[PDB]
Amino acid sequence: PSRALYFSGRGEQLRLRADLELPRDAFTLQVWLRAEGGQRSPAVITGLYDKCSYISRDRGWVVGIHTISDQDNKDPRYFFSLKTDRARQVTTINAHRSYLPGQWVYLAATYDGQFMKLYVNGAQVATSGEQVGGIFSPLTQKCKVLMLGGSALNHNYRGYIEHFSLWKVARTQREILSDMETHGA
Amino acid sequence: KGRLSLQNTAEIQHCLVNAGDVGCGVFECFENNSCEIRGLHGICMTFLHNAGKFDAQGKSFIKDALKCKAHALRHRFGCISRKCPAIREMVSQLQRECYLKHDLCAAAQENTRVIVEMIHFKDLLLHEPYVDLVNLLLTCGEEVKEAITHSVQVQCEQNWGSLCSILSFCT
Amino acid sequence: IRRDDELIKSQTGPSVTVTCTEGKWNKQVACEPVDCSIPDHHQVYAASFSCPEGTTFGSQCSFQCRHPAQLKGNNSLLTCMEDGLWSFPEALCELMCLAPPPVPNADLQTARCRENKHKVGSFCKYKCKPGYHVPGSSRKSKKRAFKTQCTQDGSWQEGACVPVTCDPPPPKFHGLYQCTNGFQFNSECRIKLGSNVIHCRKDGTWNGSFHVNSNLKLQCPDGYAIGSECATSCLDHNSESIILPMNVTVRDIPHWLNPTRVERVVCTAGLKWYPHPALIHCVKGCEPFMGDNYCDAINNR
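Residue numbers (the deposited numbering), protein chains in the order written: chain A, 13 to 197; chain G, 42 to 212; chain B, 1170 to 1361, 1371 to 1390, 1405 to 1493.
In short, the hints are calculated from the structure, not lab data. Backbone N, C-alpha and C fix where the C-beta goes; we use that ideal spot for every residue, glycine too. Wrong hints could be hidden among the right ones.
What follows is a set of in silico ranges between Cβ atoms, one per label pair, in the way DEER data are often shown [said to hold, decoys possible]: (1) 1352/B with 98/G: 40 to 46 angstroms; (2) 1489/B with 184/G: 29 to 35 angstroms; (3) 1259/B with 30/A: 18 to 24 angstroms; (4) 30/A with 1299/B: 54 to 60 angstroms; (5) 1242/B with 110/A: 45 to 51 angstroms; (6) 133/G with 1489/B: 32 to 38 angstroms; (7) 164/A with 1246/B: 31 to 37 angstroms; (8) 50/A with 1329/B: 33 to 39 angstroms; (9) 1487/B with 150/A: 53 to 59 angstroms; (10) 1484/B with 56/G: 22 to 28 angstroms.
Calculated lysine-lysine pairs in the DSS-like style (CA-CA distance at most 25 angstroms, straight line) [as the list claims (entries may be wrong)]: (11) 63/A with 1241/B; (12) 1341/B with 1409/B; (13) 1296/B with 1286/B; (14) 1288/B with 1311/B; (15) 1341/B with 1316/B; (16) 1296/B with 1309/B; (17) 1241/B with 154/A; (18) 63/A with 1316/B; (19) 1294/B with 1178/B; (20) 1476/B with 104/G; (21) 154/A with 180/A; (22) 1380/B with 1309/B; (23) 1288/B with 63/A; (24) 1380/B with 1312/B; (25) 1286/B with 1312/B; (26) 154/A with 1309/B; (27) 142/G with 104/G; (28) 1476/B with 94/G; (29) 1294/B with 1311/B; (30) 94/G with 163/G; (31) 1309/B with 1294/B; (32) 104/G with 94/G; (33) 63/A with 1286/B; (34) 186/G with 124/G; (35) 1288/B with 1316/B; (36) 154/A with 1288/B; (37) 1241/B with 1286/B; (38) 1380/B with 1409/B; (39) 1341/B with 1309/B; (40) 100/G with 1476/B.
One chain only, chain A, in its complex shape:
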């Protein structure tokens, strides 16, 4: 049948093995998730982090749940952050509504090379065009790591993760809806 992982706040987090090449030019993340009620503020779900650098460790891309108002942590929304090696400023993409703590959400994040888009439950929510080019050089391909359910600074996630899907190319909205209706088959 279908089985899912339950990520708790105690520090349970996974790590992708290095045998699979990380995407460089364009990528598409498709994840069925069920978020719990109270998450932490910078809490992440899936990230692409840097482990051999010390000047700037906030490169790559990271999808998660965070509050748009840092001074009050009032309403938490899904967010997609991206900072390529060529760029100098990390630009974040938010959702349009506060997340439902008891419903399945099919979260998708796309980046093609000019525009990054965020699909919450099949509908395009936000699209930013400040990140350009690839995300990292192919020389540092082995240094980048992919983390699921948490970060190196113990940004734990509480919820369910059902069907993980990461693509090596950018996909349009019709392919996103087709992958939604076909599930993991």
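For chain A, the structure is supplied; the task is to place chains G and B on it using the hints.
Just chains G and B now, with coordinates in the frame of chain A:
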């Protein structure tokens, strides 16, 4: 003006629980309130301003008295009826039971000239804890009482000539 | 765009529309090149950037690594692309620490530490030789191993094995003692049967012992005889006696100095001169204001 509701108790409670009990931060928080209990912050500042004139016993007494007063003000401010006479009663009671238990008379008999010449006539009249400290201090020694009455007569010759000319001699 | 005469403005995008009006064009347009930022960090770590042309479109900049850093790659140029950002560096300054300097009186337990190729974060375990130890421990506990690592600069952390200082002689024949090496290793101490030579070995063990004021007041029971500890105290309890034999008075002590505590004057052979009452001075002692969350300017020393 008979209730401490004019100034929110939440902000002064946050100020009390945020600051430390070592310095005058608690008296810095408590000095701005609805009831006129102003004067504790002045005592905390002036005791820590002329602390070099005291000896080691006097400085230890100053540290213990300010520590006990800060711990008592953070301690017994929890459940208390919100009215100015009750606040005055609990402030005077904590000041009295803190100064009596740390041998104020011993520090008076150590060095009384600093403790009776550094007082100010201005703001003594309108501050109740200053009057409490004065009327508790003179019961220690007769020479200290004579010195503080001499200071009061000097301040009468400085500021208010009414009570100098009227009943200079008692009987 | 520098507009001159216009009524309404329309966001055409990458292009623009210029209209002729009364013998002059309405706008002054200029396609300036994109300006990449000056490369300081965030592209190549630990390298020097010196662009021979500039930081405009089509300009190429040259970076060179630091002397510890190595360089692998066919091209060592950065191109300011059309996106307004510099391109990906095809060559990276890989940071590799060189061979460590030879620490004296140490044994290299790790066989790879004697090479020259070492990555940042390598750990070398250095074992102190007998008669030597890593500083940080007293004469009771013996520690003879330490770890050294490559730092982010490209140089190893400092560490050396100091000689084991021998135990002090007893004060019965101290002051007239004449050691061959003093407090260093292999110190043979003999004053001018029993143990005529004292061998300070590698473990620092003593094989055999030696064989045959107006302000400061002392009250010994024996008096001028030997074997009695004298209660040495100042006239006031507020002052503390210290031993300052190197011509230091009460007011000559700096704030960073650590004077020794007052030792009870035990009578040695002959006159008791090794502790001298005129040399011991009563200075402003400490007061019980420790751990009270208050800084004391008098006791700030």
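Each hint, compared with the structure:
A hinted range of 40 to 46 angstroms holds for the C-beta pair residue 1352/B and residue 98/G, which are about 44 angstroms apart. The hinted window of 29 to 35 angstroms between residue 1489/B and residue 184/G holds, with their beta carbons roughly 32 angstroms apart. The hinted range of 18 to 24 angstroms is satisfied by residue 1259/B and residue 30/A, whose Cβ atoms lie roughly 22 angstroms apart. The hinted window of 54 to 60 angstroms between residue 30/A and residue 1299/B is violated, with their beta carbons roughly 46 angstroms apart.
About 48 angstroms separates the C-beta atoms of residue 1242/B and residue 110/A, a value consistent with the hinted range of 45 to 51 angstroms. Take residue 133/G and residue 1489/B: their Cβ atoms lie about 34 angstroms apart, and the range 32 to 38 angstroms holds. Between residue 164/A and residue 1246/B the Cβ separation comes to about 33 angstroms, which falls inside the hinted range of 31 to 37 angstroms. Separation of residue 50/A from residue 1329/B is about 54 angstroms and departs from the stated range, judged on CB atoms against 33 to 39 angstroms.
With their beta carbons about 57 angstroms apart, residue 1487/B and residue 150/A fall inside the hinted range of 53 to 59 angstroms. In this structure the hint that residue 1484/B and residue 56/G lie 22 to 28 angstroms apart at CB holds, the actual value being about 23 angstroms. At most 25 angstroms may separate the alpha-carbon atoms for a hinted pair to count; residue 63/A and residue 1241/B meet this at roughly 20 angstroms. Between residue 1341/B and residue 1409/B, the direct Cα distance comes to roughly 22 angstroms. Compliance with the 25 angstroms bound is thereby established for this hinted pair.
Proximity of residue 1296/B to residue 1286/B is assessed by CA-CA distance (about 21 angstroms); at most 25 angstroms being required, the pair is judged to hold. A distance of roughly 31 angstroms separates the Cα atoms of residue 1288/B and residue 1311/B; the hinted pair therefore is violated under the 25 angstroms criterion. At roughly 42 angstroms between alpha-carbon atoms, residue 1341/B and residue 1316/B are farther apart than 25 angstroms, so this suggested pair is violated. For a cut-off of 25 angstroms, the pair hint linking residue 1296/B to residue 1309/B stands: about 18 angstroms separates their Cα positions.
Straight-line distance between C-alpha atoms of residue 1241/B and residue 154/A comes to about 16 angstroms, which keeps the hinted pair within the 25 angstroms bound. With a C-alpha separation of about 24 angstroms, the suggested pairing of residue 63/A with residue 1316/B holds against the 25 angstroms cut-off. At roughly 72 angstroms between alpha-carbon atoms, residue 1294/B and residue 1178/B are farther apart than 25 angstroms, so this suggested pair is violated. Taking the CA atoms of residue 1476/B and residue 104/G, the gap is near 21 angstroms; set against the 25 angstroms cutoff, the hint holds.
A C-alpha spacing of about 16 angstroms is found between residue 154/A and residue 180/A, which places the hinted pair at or below 25 angstroms, so the restraint holds. The suggested pairing of residue 1380/B with residue 1309/B holds, with an alpha-carbon distance near 13 angstroms, which does not exceed 25 angstroms. Among the hinted pairs, residue 1288/B with residue 63/A is consistent with the structure: their alpha-carbon atoms are about 15 angstroms apart, no more than 25 angstroms. Restraint check for residue 1380/B and residue 1312/B: the C-alpha separation of about 13 angstroms stays at or below 25 angstroms, so the hint holds.
Using a Cα cut-off of 25 angstroms, the hinted pair residue 1286/B and residue 1312/B is violated, with the two alpha carbons roughly 29 angstroms apart. With a C-alpha separation of about 49 angstroms, the suggested pairing of residue 154/A with residue 1309/B is violated against the 25 angstroms cut-off. The straight-line distance between the Cα atoms of residue 142/G and residue 104/G is roughly 13 angstroms, inside the 25 angstroms bound, and the hint therefore holds. With a C-alpha separation of about 17 angstroms, the suggested pair residue 1476/B and residue 94/G falls inside the 25 angstroms cut-off, and the hint holds.
For the given pair, residue 1294/B sits about 16 angstroms from residue 1311/B by alpha-carbon distance, which is consistent with the 25 angstroms threshold. At roughly 22 angstroms between alpha-carbon atoms, residue 94/G and residue 163/G fall within 25 angstroms of each other, so this suggested pair holds. For the hint pairing residue 1309/B with residue 1294/B, the CA-to-CA distance comes to about 23 angstroms; that is within 25 angstroms, so the pair holds. For the proposed pair residue 104/G and residue 94/G, the alpha carbon gap of about 14 angstroms is at most 25 angstroms, so the pair holds.
The straight-line distance between the Cα atoms of residue 63/A and residue 1286/B is roughly 22 angstroms, inside the 25 angstroms bound, and the hint therefore holds. Distance restraint check for residue 186/G and residue 124/G: the Cα-Cα separation of roughly 34 angstroms exceeds the 25 angstroms cut-off, and the hinted pair is therefore not satisfied. Distance check on the hinted pair: residue 1288/B and residue 1316/B sit about 15 angstroms apart at the alpha-carbon level, within 25 angstroms; holds. Our distance criterion of 25 angstroms between C-alpha atoms is met by residue 154/A and residue 1288/B, whose separation comes to about 17 angstroms.
Simply put, residue 1241/B and residue 1286/B have alpha-carbon atoms about 15 angstroms apart, close enough for the 25 angstroms limit, and the pair holds. For the proposed pair residue 1380/B and residue 1409/B, the alpha carbon gap of about 41 angstroms is over 25 angstroms, so the pair is violated. Taken as a hint, the residue 1341/B and residue 1309/B pair is honoured in the structure, with Cα atoms around 23 angstroms apart against an allowance of 25 angstroms. Only pairs whose Cα atoms come within 25 angstroms are accepted, and residue 100/G paired with residue 1476/B is accepted, the gap being roughly 17 angstroms.
Going through the hint list in order, the structure does not satisfy hints 4, 8, 14, 15, 19, 25, 26, 34, 38.
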